[PDB]
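First, one chain by itself: the form deposited in one PDB entry, in structure tokens.
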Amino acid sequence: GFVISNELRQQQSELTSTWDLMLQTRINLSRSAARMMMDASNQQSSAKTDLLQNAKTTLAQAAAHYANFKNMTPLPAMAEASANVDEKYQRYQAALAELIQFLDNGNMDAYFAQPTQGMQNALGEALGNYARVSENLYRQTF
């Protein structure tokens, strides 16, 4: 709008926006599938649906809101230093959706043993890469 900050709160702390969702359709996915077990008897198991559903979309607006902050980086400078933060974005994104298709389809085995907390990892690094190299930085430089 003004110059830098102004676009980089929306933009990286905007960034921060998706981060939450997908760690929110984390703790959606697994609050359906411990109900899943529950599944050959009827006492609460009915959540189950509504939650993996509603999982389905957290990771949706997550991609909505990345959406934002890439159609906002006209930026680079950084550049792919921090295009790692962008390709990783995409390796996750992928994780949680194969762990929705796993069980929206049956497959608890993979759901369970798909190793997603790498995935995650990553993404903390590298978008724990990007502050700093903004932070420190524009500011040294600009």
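Positions refer to the first chain, counted from 1. In this text, rigid core is short for the largest set of C-alphas that superpose within 1.5 Å between two forms. First, how it differs from the form deposited in another entry.
Compared between the two forms on the core, the listed residues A97, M78, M36, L51 keep their C-alpha shifts below 2 Å, save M78.
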Second form
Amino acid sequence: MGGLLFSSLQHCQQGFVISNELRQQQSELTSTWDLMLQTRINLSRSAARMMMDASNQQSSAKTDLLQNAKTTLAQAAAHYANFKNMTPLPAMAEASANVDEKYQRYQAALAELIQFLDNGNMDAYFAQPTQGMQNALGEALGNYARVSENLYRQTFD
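Pass me the form deposited in another entry as well; I've looked at the form deposited in one PDB entry already.
The next block holds one chain only.
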């Protein structure tokens, strides 16, 4: 014996196998979130430029930042697909189902804001309560993280 947080190599390797998977699935959800907030930033960046005051030229001035929001949303959907494809560990089943619901709602909302700016509808872009769908997903993400944490801690025992 010369081991300390684990009762045997079997136990130790067990915890590794369980944690390395939690680590993969939490990684895809960090990237999803990152590129979804990147999409909301590019959308704001497009709209401010849309809004710069030439006269009757109106709110639609050379914005290649909307294609940029279309790209970061597609990449977040790519990271999300990997997670979605990864079946929940039993203990995780419900934390993930919650993150999928809050995610389908916030991706819809961002895709909805791209079509608004795409058709020049500024008021609809400004009026969407995007912040609540984001806060909801942020809160289902910290909960999924509490629940991985708990399972991670149960390995060194």
